[PDB]
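Chemist: Here is what each chain is made of, one letter per residue.
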Amino acid sequence: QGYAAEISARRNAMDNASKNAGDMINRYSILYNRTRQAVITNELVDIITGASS
Amino acid sequence: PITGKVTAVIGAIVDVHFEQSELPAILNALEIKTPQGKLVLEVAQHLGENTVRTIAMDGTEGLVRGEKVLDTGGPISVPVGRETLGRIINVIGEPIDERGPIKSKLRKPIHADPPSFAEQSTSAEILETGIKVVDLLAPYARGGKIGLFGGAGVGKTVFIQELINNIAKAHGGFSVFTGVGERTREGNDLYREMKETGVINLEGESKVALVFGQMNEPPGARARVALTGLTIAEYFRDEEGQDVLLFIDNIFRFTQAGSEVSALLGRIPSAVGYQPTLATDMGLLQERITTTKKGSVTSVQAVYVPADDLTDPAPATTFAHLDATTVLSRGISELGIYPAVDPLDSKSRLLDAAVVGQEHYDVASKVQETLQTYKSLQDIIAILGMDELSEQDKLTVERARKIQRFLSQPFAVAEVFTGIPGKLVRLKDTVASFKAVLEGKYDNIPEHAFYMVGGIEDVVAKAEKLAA
Amino acid sequence: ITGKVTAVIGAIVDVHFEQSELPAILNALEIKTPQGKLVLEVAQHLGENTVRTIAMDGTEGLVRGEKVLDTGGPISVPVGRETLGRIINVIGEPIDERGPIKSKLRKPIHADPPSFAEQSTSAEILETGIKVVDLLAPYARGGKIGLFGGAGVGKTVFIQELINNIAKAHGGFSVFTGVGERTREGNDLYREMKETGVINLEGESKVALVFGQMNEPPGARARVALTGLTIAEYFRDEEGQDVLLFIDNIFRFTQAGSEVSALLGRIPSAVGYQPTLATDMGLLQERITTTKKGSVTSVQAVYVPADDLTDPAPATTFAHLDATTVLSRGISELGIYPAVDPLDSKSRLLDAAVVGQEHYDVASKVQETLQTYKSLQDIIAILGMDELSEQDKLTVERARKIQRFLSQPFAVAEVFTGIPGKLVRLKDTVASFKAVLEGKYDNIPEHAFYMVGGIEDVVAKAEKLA
Amino acid sequence: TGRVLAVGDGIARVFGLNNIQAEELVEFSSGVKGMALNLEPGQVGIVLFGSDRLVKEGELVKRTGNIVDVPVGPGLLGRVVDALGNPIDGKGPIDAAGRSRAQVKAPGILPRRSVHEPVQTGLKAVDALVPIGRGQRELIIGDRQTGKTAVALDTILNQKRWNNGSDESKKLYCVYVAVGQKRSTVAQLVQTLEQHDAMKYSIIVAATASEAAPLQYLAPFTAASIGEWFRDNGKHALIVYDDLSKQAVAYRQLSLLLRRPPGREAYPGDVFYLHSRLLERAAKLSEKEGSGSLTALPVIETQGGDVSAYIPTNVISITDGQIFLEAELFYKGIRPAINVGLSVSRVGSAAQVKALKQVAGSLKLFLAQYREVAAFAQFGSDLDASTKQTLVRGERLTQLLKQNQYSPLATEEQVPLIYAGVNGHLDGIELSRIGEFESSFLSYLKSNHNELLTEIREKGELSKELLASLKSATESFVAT
Ligand SMILES: Nc1ncnc2c1ncn2[C@@H]1O[C@H](COP(=O)(O)OP(=O)(O)OP(=O)(O)O)[C@@H](O)[C@H]1O
Ligand SMILES: Nc1ncnc2c1ncn2[C@@H]1O[C@H](COP(=O)(O)OP(=O)(O)O)[C@@H](O)[C@H]1O
Ligand SMILES: [Mg+2]
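Protein chains in written order, with the authors' numbering: chain G, 224 to 276; chain E, 8 to 475; chain D, 9 to 474; chain A, 30 to 509.
Bound-form chain G, shown alone:
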């Protein structure tokens, strides 16, 4: 009985872990997009400053 309960509990625990991992993936995907845009903008500003003198 303890074995059956433990296997079911581990199943549910890994389900919860997968939910949480998906949520974290969404958060850091948003953060990655923001950082990508920021990097492009800052490097382009540097290039423009070098060009405009």
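Treat the hints as calculated values from the structure; they're not laboratory data. Heads up, some of the hints might be wrong.
As a list, the in silico DSSO-like pairs of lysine-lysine whose alpha-carbon atoms are at most 30 Å apart [said to hold, decoys possible]:
1. D/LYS448 x A/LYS431
2. E/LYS12 x A/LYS134
3. A/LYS386 x D/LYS448
4. E/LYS45 x A/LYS361
5. A/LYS386 x E/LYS45
6. E/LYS163 x A/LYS431
7. A/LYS431 x E/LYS110
8. A/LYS317 x E/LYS40
9. E/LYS354 x G/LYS242
10. A/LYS200 x E/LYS75
11. D/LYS442 x D/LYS472
12. A/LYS431 x D/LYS373
13. A/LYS200 x A/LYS417
14. A/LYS91 x E/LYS40
15. D/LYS469 x D/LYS430
16. E/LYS202 x A/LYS386
17. D/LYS112 x D/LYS176
18. A/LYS393 x D/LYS373
19. A/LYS62 x D/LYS382
20. E/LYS382 x A/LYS393
Cβ-to-Cβ under 8 Å is the rule here; a few derived chain G residues that face chain A [unchecked claim]:
21. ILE263
22. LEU267
23. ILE270
Heads up, the beta-carbon is just placed ideally off N, CA and C, and yes, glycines get one too.
Since the structure of chain G is already known, use the hints to place chains E, D and A with the ligands on it.
Modeler: Chains E, D and A with the ligands alone, transformed into the frame defined by chain G:
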């Protein structure tokens, strides 16, 4: 006539010097005769000293300083009217189908003002496409902008041709298809498939006029070709009082061509590299697509999303103008459901009780709820079998599957490739059918009696034939 | 032909020639100063008889209107056997205080790459005596070898051990170029090479030294690589020798090019590098080639800023190399020196037609084992090795043994270790790794493979532990 | 004529040259050439093809009158030429049918035809799962040293089968473009092609690393102009750009030293219009226009595998598909290391050989299932029988798609192997010896069932009886 001389050739940018007070206004088209025909320069700036800076709509290679330039006296002028139907047109309005000249009585500037605030429609309203899923769950705005998402292998082209056919049959309005910066090969495939389908018909009447500026065109042509197509559509609106369709594939490349053009003129690029004029450059195109007292132009815009980043300034700016979205999905195609429109990702601002009416809104909301609950149950339904859920869950799963199958529809254009007769289903019967399905009036019917049929009458007929 | 200085801005000096015959670009100009002659290299013609030049020495103390002499050609450095065992700066003057270089000839540092018809192809494998290199990335005689690595991963120790193993045995003369590196390490190298008899202050010697260390202006750090390259070219084309051209550090050539480009006012490219990065690197690199007159082998240490191999400088360098030995911080933090990345390091010659099918098979199986182990590490970090299948357990354990077996005690490292250095033959390396792959030493504990020589040392150390 | 005002960074500003055309060639008194990219009200910005040491202020410049153009014709076959068509192999002068400009408009909407003929890439993976059609433009994209040039070179080498024949409608002439590669690599490529007798139908346009930026910029365009001769005269051609990243770098150099406005990653604003102008010239022409075609295989290098970079994004947008090579697979021993999930040919099945289409249809499904189930291999202690069998089959299919370099297989040699793999006959064979199976199986067929191979080659289809015979042969072999 008024004639200047070229003085500087830098890439696709050409400077032209005119004698005193002869200057062409901005956006004017200037013509240079070359062995390859006319090269058209669009005026972009006045540099003083009676000099203007202009964008070349074709390759500047071979130009010499002092090459004389003739001012046409107005913006790029393109032919309009029914003589354009079935023809292929480039940005400057010349035919590229080699069927000869476009003998239209009129020519119209591609640059024109949007309708004034007093001329706008006071109320939003639905344009029925004759497609059950679209008209139920993502109703199109009359004179609005509809973003189309998808790609290869999801039936996008046949869906577009079905829109062209259904709008023409139901509402009598012609269509204009614009290829903004997309592959030449895909444009040829579209032309061939349209001739096969019959929306283009060289021997007789045809339903769509085509404008193409391909990837190999300079940035300026890829920028202005969308306005060329829009200008053809606006004529059918204003002068013939029709509910026209304007397809734009791809709007992202309108934005990208605008970015390139802004970079060439030396303007300081804005965030993540896009043009500083991004928002108003988009607005000048989008705000001409609107309903007026005489008719409307409804735009279906295939929108690419770079890096799948919905926050990128290009898709971010584009979505501000979209009234609805149609999401073609390969997942739905793998279910065998065509047109393969995703019932839940497809969304519309107009799916609101005050616009469509409370009955339609109730039916659509319950269809969405049924499909969403089924989607949430799917994994446990697979694991435990459909019988393991409650009686209400099992009922809703069966009804959800029947509804999902019922959202399929045989298109009159695809009939050529499949033999199955097409169906054009108007909105009242669609609402009635899905309402009756939600009320369980047809729950005893087998699932595949709902597959590839018209309204509920065809459901009854097919169930009868399957019972016999 | 003489002119006058008109503008001094940092390392950039403008000169004006009233005589209306300007020096051609890359010409050397000379200014007499209390510190000797200051050498300027012409970089541009600005119009109105004005030329813009890059200083090879400190410009402080320059005065407007100061007279400048045109040498009539590019920076000219002494060549030939008279330069062996002597240290030369970029402008070609000795800095070892042993008096003038007696060369019969001085030649320009700027010259054309050999034409296409002159190119000669060689597949001669260069045995280094290093297990990981000889196995997974064998070097090519007449080719280019790149030691990629960030700060403190071991490029200097590795290249010193390479000098020990190769330069002693290779019959042909060598040239070592300190392009803008640390003077401390250059002095250490000079002392070591005097100790080991590669340099000799009496009689014959077989390495020529060029140094442009990093305290010098950007232009000197740019042109010192060409100064060394020209002596290597003289040994190749005019003596018919097979030549070794050791270079550290190529990243300094790129960085000095960036500095001079920025000073000249060129619009900076991505992450600030000069627009001409790719063509500058090409002009430097593909002068270093094996013509039908002789072969110029080159070993090139490349600093990788922020350990980022995607940076435009390493990324540009990679395209020119026949064998890459990518040092890795991660491998070093495991303690596995010399810390070459067994997977990122790659060689043009690791082909069964060149090294034979047995060597190729052993190398390929080692790569497969290490890559499988790396893939499984992602799971082991969570669940350990207990959950893995017995096949997976066995392959992971053999992978760990192999990974530690790639380590080797260098002689140069006897200041960083007490272990006597050892040199392992290629044949013995192949035999050892074949034996480990086949599982003949599954019964050996992992630590017996650490910092040992061939498999014989594995057996001996396993017994010593037991 | 004109007088040089200033010289630097490989750019020469010239007073005069009033009648010069944009992009026209000019000859300096020292003999070095350039092309007039910038026309300005009082000066011309020439980009030099040689080192600027050869040009100094006040020098006289001669106008050539010719826009940049290159010799074209079949006389180039078997020759190595620079970007301007000057021979560099050291052999005799280039005999040419004519001379054509570097830059010309791609064929319009009407003259083209839908791609319907295969480009016989001799690689099992490419031919079976991501096929290429004549007139298609298929990206080869990947990281440093991942086998990209190996894939293109195997595609070039496989044509040896048909280019010996008499039927010009099947023969495929190959153009290879070396941009930014060191001359030693091009020399070894030439020796590799001569070793396999592949030069008699190949052309190599080389703009190597030290050659000035303008030549690296022009080389793809001029090589495409070489291919367009075959295209327009009804013959079939294949052009490999190796690689477009370095062409973009050279164009960035030109633009920045001309001080044209930069853009993202400091590239000029219209860098998209470079590769779109270059690649849209690949086309399949209709019967009226001569039925010819020009297939393009642009190579692209992604730093760290970043496909989101500017130039990779542009080229991925422009092309009809991609063959994606991943270093992780290369290290595992899966070579030529094609990542099947990311690799897509949007023209796809229409170009594929019918006999190969019949058997390879399900290979895609099985490999997709294997890719989904791969994570379970580390948990083999409890596998659902479906997952276990899926893993067993997918492992052997992946092992079968491995292929040695310079070893292209004929279509009738690929069909039996993929048939055996798909239909599960390999399940009884130990994985470690799948490589022994394939070479053995073919050697069996070509001695015991050569009728089947000949029929597959001649007809190109697996008729039902022929398919049953193939099954019988496969089982007759696997029994031993
Ligand atoms: N199918 C294969 N089997 C074995 N080795 C291969 C195979 N394909 C490529 N290689 C090896 O991979 C290495 C790199 O191959 P290749 O030169 O084609 O790469 P590339 O991606 O074009 O590289 P680069 O970025 O340097 O141009 C070479 O050693 C080549 O021998
Ligand atoms: N064979 C070796 N044994 C132990 N440590 C080594 C060995 N080779 C290099 N190292 C390590 O490398 C470090 C110095 O590397 P060095 O080459 O000076 O850095 P750089 O990469 O800047 O040249 C030392 O801390 C030393 O421990
Ligand atoms: Mg390559």
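Chemist: Hint by hint, say whether it matches the structure.
Modeler: Verification of the hints:
1. D/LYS448 x A/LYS431: holds, 28 Å
2. E/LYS12 x A/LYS134: holds, 25 Å
3. A/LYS386 x D/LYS448: Status violated; Cα separation ~46 Å.
4. E/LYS45 x A/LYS361: Measuring from Cα to Cα gives roughly 58 Å; hence the hint is violated.
5. A/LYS386 x E/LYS45: Violated - the C-alpha atoms of E/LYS45 and A/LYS386 are around 47 Å apart, more than 30 Å.
6. E/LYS163 x A/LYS431: violated, 36 Å
7. A/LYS431 x E/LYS110: violated, 60 Å
8. A/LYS317 x E/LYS40: holds, 28 Å
9. E/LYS354 x G/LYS242: holds, 26 Å
10. A/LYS200 x E/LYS75: violated, 48 Å
11. D/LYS442 x D/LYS472: holds, 23 Å
12. A/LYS431 x D/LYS373: holds, 15 Å
13. A/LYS200 x A/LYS417: The hint is violated at about 45 Å.
14. A/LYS91 x E/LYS40: Holds, at about 27 Å.
15. D/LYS469 x D/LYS430: Distance ~14 Å between D/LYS469 and D/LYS430 Cα, so the pair holds.
16. E/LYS202 x A/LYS386: Holds - the C-alpha atoms of A/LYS386 and E/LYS202 are around 28 Å apart, at most 30 Å.
17. D/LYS112 x D/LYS176: Distance of about 27 Å is within 30 Å: holds.
18. A/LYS393 x D/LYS373: At roughly 28 Å apart (the allowed maximum being 30 Å), D/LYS373 and A/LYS393 satisfy the hint.
19. A/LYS62 x D/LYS382: This hinted pair is violated, its Cα atoms lying about 53 Å apart.
20. E/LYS382 x A/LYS393: holds, 27 Å
21. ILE263: holds, 6 Å
22. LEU267: holds, 6 Å
23. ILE270: Nearest chain A Cβ about 5 Å off; hint holds.
Hint violations for this structure: numbers 3, 4, 5, 6, 7, 10, 13, 19, all remaining hints satisfied.
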